[PDB]
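Peer 1: One-letter residues, chain by chain:
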Amino acid sequence: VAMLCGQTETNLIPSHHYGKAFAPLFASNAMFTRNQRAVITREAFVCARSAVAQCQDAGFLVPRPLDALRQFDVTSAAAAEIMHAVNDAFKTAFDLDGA
Amino acid sequence: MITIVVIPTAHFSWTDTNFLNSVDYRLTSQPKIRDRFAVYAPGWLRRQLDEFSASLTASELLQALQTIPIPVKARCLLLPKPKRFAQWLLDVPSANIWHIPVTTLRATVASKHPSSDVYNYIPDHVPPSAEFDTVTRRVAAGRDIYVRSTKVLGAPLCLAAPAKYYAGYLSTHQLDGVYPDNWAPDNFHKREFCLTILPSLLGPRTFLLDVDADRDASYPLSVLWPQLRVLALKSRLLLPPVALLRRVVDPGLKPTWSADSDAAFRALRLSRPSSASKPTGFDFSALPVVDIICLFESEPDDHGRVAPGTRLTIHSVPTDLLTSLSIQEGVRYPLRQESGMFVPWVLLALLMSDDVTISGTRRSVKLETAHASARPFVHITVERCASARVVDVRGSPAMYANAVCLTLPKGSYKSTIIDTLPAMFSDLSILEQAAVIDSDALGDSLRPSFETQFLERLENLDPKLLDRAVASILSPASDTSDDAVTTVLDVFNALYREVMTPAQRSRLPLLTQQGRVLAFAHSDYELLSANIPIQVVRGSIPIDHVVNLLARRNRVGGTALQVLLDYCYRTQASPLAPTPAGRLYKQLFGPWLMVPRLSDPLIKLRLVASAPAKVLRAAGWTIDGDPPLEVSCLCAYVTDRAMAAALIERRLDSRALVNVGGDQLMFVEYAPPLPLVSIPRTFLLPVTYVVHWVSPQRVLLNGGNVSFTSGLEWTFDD
Amino acid sequence: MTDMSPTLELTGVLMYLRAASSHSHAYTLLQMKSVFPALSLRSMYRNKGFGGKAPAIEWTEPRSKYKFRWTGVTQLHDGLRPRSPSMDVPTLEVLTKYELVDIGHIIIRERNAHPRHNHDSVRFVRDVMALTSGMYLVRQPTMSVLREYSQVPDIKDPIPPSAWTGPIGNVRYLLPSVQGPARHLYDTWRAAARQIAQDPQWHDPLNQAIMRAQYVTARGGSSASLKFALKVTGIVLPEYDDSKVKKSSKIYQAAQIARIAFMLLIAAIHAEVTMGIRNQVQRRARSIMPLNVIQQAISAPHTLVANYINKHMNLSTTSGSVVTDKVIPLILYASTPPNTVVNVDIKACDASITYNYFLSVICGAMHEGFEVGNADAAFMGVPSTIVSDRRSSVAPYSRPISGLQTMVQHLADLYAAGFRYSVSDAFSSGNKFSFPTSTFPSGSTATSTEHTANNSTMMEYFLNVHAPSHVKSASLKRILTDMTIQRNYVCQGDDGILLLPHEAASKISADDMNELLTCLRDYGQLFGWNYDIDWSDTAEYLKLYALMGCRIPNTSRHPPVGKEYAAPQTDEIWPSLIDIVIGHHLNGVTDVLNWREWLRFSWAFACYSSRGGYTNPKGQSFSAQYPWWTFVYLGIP
Amino acid sequence: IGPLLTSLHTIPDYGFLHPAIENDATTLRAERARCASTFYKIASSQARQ
Amino acid sequence: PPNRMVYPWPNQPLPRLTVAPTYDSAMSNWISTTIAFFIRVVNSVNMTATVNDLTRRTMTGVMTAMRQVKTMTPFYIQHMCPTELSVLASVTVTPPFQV
Amino acid sequence: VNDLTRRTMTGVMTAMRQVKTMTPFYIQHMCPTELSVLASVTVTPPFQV
Amino acid sequence: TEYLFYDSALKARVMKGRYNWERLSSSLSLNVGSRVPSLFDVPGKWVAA
Amino acid sequence: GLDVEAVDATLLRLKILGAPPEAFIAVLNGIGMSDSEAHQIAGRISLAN
Amino acid sequence: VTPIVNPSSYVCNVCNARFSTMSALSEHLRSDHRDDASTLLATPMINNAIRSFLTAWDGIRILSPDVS
Amino acid sequence: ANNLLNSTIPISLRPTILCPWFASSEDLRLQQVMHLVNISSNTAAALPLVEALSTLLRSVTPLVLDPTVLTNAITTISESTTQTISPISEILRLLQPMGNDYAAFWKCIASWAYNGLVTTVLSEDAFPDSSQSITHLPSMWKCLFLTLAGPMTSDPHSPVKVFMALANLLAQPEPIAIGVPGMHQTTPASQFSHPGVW
Ligand SMILES: [Zn+2]
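Protein chains in written order, with PDB author numbering: chain A, 820 to 918; chain B, 1 to 718; chain C, 247 to 883; chain D, 100 to 148; chain E, 671 to 769; chain F, 721 to 769; chain G, 982 to 1030; chain H, 1129 to 1177; chain I, 108 to 175; chain J, 424 to 621.
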């Protein structure tokens, strides 16, 4: 029915109609929030990976300046706890809301 | 003229004399301060928003409103139906300012179907086939607008013509609603600042006020809060309320150029020197509260040095509580009592607060108040008031003057607030301890106490199973551990259902049918399973109760039965979002805390209900005198005798079903429930009350039990 | 009219006399109510000389359509005789209490004279079952309300408090780690809520008109509570008393509401609800609990989701109610020899549905299920609002929620608070009062949707998950599998029918049946549903009775003399008696009585009804009567 | 039910409830008056079905 | 590849002057051929043996009518809809995710 | 198995495969130690083929 | 009617239908006085009930 | 409030009387049906089905 | 009236032991008061469970990766 | 905005502005992937996306769906009134406007934007029963609609499903070969949902 019953006003200029309709959308900075959140996402992700790796032995390819210090437990449980700590820290520092 | 857009918070007081006070009452402290602000926020706009709220999305509504100038100079001029409207241009020929032909006018008068022709070609005519924004666009022009419908937004809506044309075309209440707009305008003034509920384009001279509290859920524009906040956030346009007090505005705390050390900043110095002989000798529904930041510290080290300590935020503690206790900022009071418990006033502050969080972040914490934590706090200092505003209390958590039940987990400090607080005054009637119902009362009623019986049944099980259950309950990570705990739960459920329910159901009048009852329970289920018509409020306190009851050792159980009972009740309780118990406490005790601040004495009242002597004598009672007996159901307090008498002529549409036994145990029941909001907000009620004869000497002998019905009537007393 | 032997009538006389001799004639009759059907209907062909002819009914492939075909007859033989144990022992044991064992002996001996299924056998069954008392029992409404709503379900494994997330203002979502029937229930309602969420079928102005119009009827209640609550909040409602129409009518209150902005009325939903009672013939009196128009409007999402669950899962199990006769072939097919059927029904679904276990789960699922959708989209005049989200202890905040969710927020609040009824019985003297209860209103067909949905859900989980994991008999597992509700189970409100797949030329061992039925009882006990099941190779559904594909009219449920009256006064005028006669006669046709004698009795009834009169409160009298030809036109031969 | 009966003026043989009983139950809310009234009302109602 | 979107139908840039129904779009072609095929089916021998020709004459008639309706949808799909998608892709909280 | 079910089943299996579990490690490196010591103290020595 | 006609489109539809109907029924001279079911009479039915 | 059995009876009666299509349109529009669906419904009316 | 001077010493209810610091008193309550095997269920093992729970309490952490 | 709403800035000194509002594609790519990780991969994830986009589409569009001209062009066809079957009624009984203003059409369009996450399929019920013959008119009309609406869906298997839909009706007069064993020309067409069964 849709593809067989489509119709519009007689003397329609698409450019004017679309422009008049799209005007309210691009009216504020709100269209740029995702950029900022993405940036924080990146920094949070890298730091988390770095922290988890440093507690491991030669994990990934990160520098290990603190390697002189002892770290006996390397179980996955410890890694999860570390990652949660970092995740909470960033959420607190930058006052994030979503997951 | 810098503008500050304001979105009201959760319990924003609206009927206040000045909208300004509900924002932050410190702004009213100094004449030098209050003279710098305008308010606007007119009522007509408020009503329009109330209506359109159900018909526009947040984005649309914001997009529509944002362009409106501060003082709305335009009006919406409703036109009557063409048959009616056409006559106007001939009733006054000069009123035909569009000069519509006389022939057309009387052709309309003749036609069975008067057309829109009279509207046609009239400039700026808005037909019903129009949209909200069409009005708003014209509003920016300032000129009045002519419309053909009442549902319009942005400008005050008034009749274009005298009411005679609109009559019949519209009805009484409709014809009434436009009257203020018919003579709408009022001036707006050019002070330094102007607050506004109307949104606007955020910019260099427009700011968003941040109060750090949840919005008014009922307020129609609260949905705009996220979009507004984020836009302000991304441009650093938020203003903490304290910034308003400074001579020059800046977003920030602890600025360099100002020490912020002045009497204006100190919210604890609440003062009321002025007067106007107004009927509100006091409005006991409006309550000033504060959000405070307090620093906690432990014992110093071996060399007199001390740790950095931690600072927490306490939310919405009533200010009069602190003032009456002579609490002052910048003073390091001792926190711990001789026995190590908290000093009473701190406990009161916690109990009546709404929430406690870390100062910086937004994480809520339940504070411990026992010997659990190492390096425990011993000193406390209040540092500053993050916010200080008046809040509306009338009927908020509880609804009926009859009674209300508050549910709290076992181990709460209810004893402190119900005993120490009234004892701290013990001079003005607050409540009667015979009317408050301890949650443990029914458990104590059984000849072997419910706890003893539960213990006696429980010991029949193997000790190891019990040991496993207790450990599982304490250990948070012990998910379920079905075997041990479930067995105990079955015994608990079986016993409670067996004995507690009938015993509870046997105390129905004691819970509700007294003067005014305040009751505690361990779970809403305790009442629902017994069908007791009393409102139940699921409260919570911002302190860890588990550790607290772990310190109470003098009990029937060795601190292990207690935690078991605690878990059982919590399991028994229905899953729902619980509210802060402080709000209920604020509703009950809050108004009383403002009594000492008053300047003039109180005046007592009551709503005694009559009792014909016939039924009393017929019931074997020996009574002197013919006049019908009367009984005081509930006493109230005011201070302006004039308006109080002026408000005493209302006839409450709630009958009383009085019942009294031969033992003089007297009970009352209101067939239509008496709601608190029906009480005029200038009144003041005791927390609890007990019904009693107004003149016990009238009776000479109690016959049998008696019941009767009568009306209710507020009256003075001497 | 039924033309029964005097011996059976003799037993009924002794039955009534024994009941009348003791105190509380009504109570005594009520206790030993089911004796007659158990003695006769539940145990007929438990012998050796079994045989006869039986219908051969086939259920067409698209079973959802409930289409059946008569396809011949089947010879009866011993291998097809009923398998369930007889009912003689329990009934006789009960009768010993009232020393009426002679009645049982007489009935049993007479029954043993019909070893083969034919007209005589069923005719005997019809007659004996027609012996139960046909009195409309009535008791004090105060006692009735106090005895029925004083019950709370007993849950054998409550949902632990740690199984919920942080609050969303009022509701709590269910943690993913939780399994079991509750998880099944949660997912089902959530899925339905999702489907409801995006649906341009609503917001169609015509459909909106249907819903609002559906709320108004000539009857109604709770108007006084409405006027008080709104007057309490400062709302000055209009009045139209001069227009002579009852205030308590749902129409009247609806007219008062028309102008007001809806959100202003939100405080009024937490108001008292009046109640009424309708007596019954063979059970406790029913309850009528009419909500006010506003409350009925708020509960809309609950109804809508329930409807979708019904219409799109098991096709509402006939709750479309298009013509009630669709259940007739169903039970006939269900009672045929090749099929084994089990009758089930919730003990008190109205009293067992509750917030602590059930409604909380549903509210959470619906609120979560509505998350998929525009957060700012008003529904039925209810705008979106801001609510605080506390799922994350580290990152709490507030976000908008759609109008549907706002409705749920209030609806959950109301359910948690429990319904607050106000009783004002007139038969008792000066004793009106109010008390709350968790009992669901369930005053009309609007409740059948919710209970039927939950009924179907729990049954489905039991069949597919709980039973296979728990039952022991390997043969039972083999037959229990390959079975699903859409082609093995139907229900309406509490009532339900379960039929087994055709055991290959055989019947399931009663041992396995006992194992199966036992496990079902325990399964219902888990979440506090007493299932009240039975197995007697008969069909009870919506008060219809079928035996071996033959319908049995339970005439006792339509007593010739009895009629319900729920008020101290009859409050009716003489001409109405005619319509009573017409309705009375039709029942005697619907139920198959001796058509010649029934007609004779009917005319006599008509003759008496044909005449009547009236007197002015002070003045004149009036009189009239009809010519007999009227009744011919009204439908009496 | 007998003891709770008066006599009718139209048909002297049959009776109805005492006006005294219903008055006292209504006005005085007397227990025994109320109990008698309630019993009479429901007993009559059961017969009316 | 970034800043590109795939599209099941052929597409064109936005028209310049006023729009009008057309008959050379892909969708219109698909419609016409489909109708033409079914008309051929209806006239096949299989139908003739069982279907009264009068009804057959009617059925081919109504199918013919559908093929001649001057619907606007096919033009909109080819020329205007892609623009709407391209704009809205920058507005939704979740960017498009295609394969 | 339609496509939707096919992916659904696939997602379940791969999820089962991906989740971490220490059980295999315990079997290969820790369980034998526990068996060895326990066998030395149980009153009935192990019986094996 | 206000409760029934919350919006305006329905009211416009019914009014147009009623106006056209009576115009047709009289002009075409089918008949006059035909009580045709229409929404404008639904409130009337409610009031009578 | 309105009766379906009245509506279809009127529609069939109109169809038998051979009323012009706009008559059906007015009747359908009189019960809230929009013009487009009104035409759609009116077309379905036939003595055959 | 509200106190304005800290206690010179802190007191336990039954042991009559006086402590110069509340921390020392807290430990005494945390440890010495809590063996007391005198009831139907006051087993030593639950005392250990209670003792462990007491020591493990911390409700004012900003980060809490354990419970997150 | 596809160069619509063209705008520009003034030309003057702007000393101390700072607008940290941007990020690289890698950031966006990373965030998009992260977003896909924090969802349940069932329909619950896709539905809000499609719903939001569809609402936006319907919000701004010049196209208006109106079947009045189609029906007007259909009902004007003359036919005898003495026959027992009127195919016009059969057609108009189908194409029933459910009053939802054809949400399916906008739903299909929105699905394209997220075809890599969710696919739209033709409903199983909207198929001709495999037991019918081509002469069963309702079956024939159904097959016609499936053929017309085929391309609008994102399901890769839709063409085969369309082809088999007709093949079911012609299994009697016109047989063809089906590759995989266990499948026959009368198999329900909706089951052909595997690339190996073409
Ligand atoms: Zn000690």
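No lab work stands behind these hints: they were computed from the structure. Don't take every hint at face value.
Restraint ranges, calculated between C-beta atoms of paired labels, are given here [stated by the list, open to error]: (1) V460(J) x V112(I): 43 to 49 Å; (2) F445(J) x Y677(E): 24 to 30 Å; (3) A842(A) x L325(B): 31 to 37 Å; (4) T478(J) x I293(B): 40 to 46 Å; (5) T478(J) x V835(C): 29 to 35 Å; (6) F445(J) x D124(B): 41 to 47 Å.
Each residue gets a CB set at the ideal place from its N, CA and C atoms; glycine is no exception.
Peer 1: So, for every hint listed, does it hold in this structure?
Peer 2: Going through the hints against the structure:
Separated by about 58 Å at the C-beta atoms, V460(J) and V112(I) break the suggested range of 43 to 49 Å. Taking the beta carbon of each, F445(J) and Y677(E) are about 28 Å apart, inside 24 to 30 Å as hinted. Between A842(A) and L325(B) the beta carbons are some 59 Å apart, a value that contradicts the proposed interval 31 to 37 Å. Taking the beta carbon of each, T478(J) and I293(B) are about 44 Å apart, inside 40 to 46 Å as hinted.
In this structure the supplied range 29 to 35 Å is violated for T478(J) paired with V835(C), their Cβ-Cβ distance being about 57 Å. Taking the beta carbon of each, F445(J) and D124(B) are about 44 Å apart, inside 41 to 47 Å as hinted.
Of the hints listed earlier, those the structure fails to meet are numbers 1, 3 and 5, in rising order.
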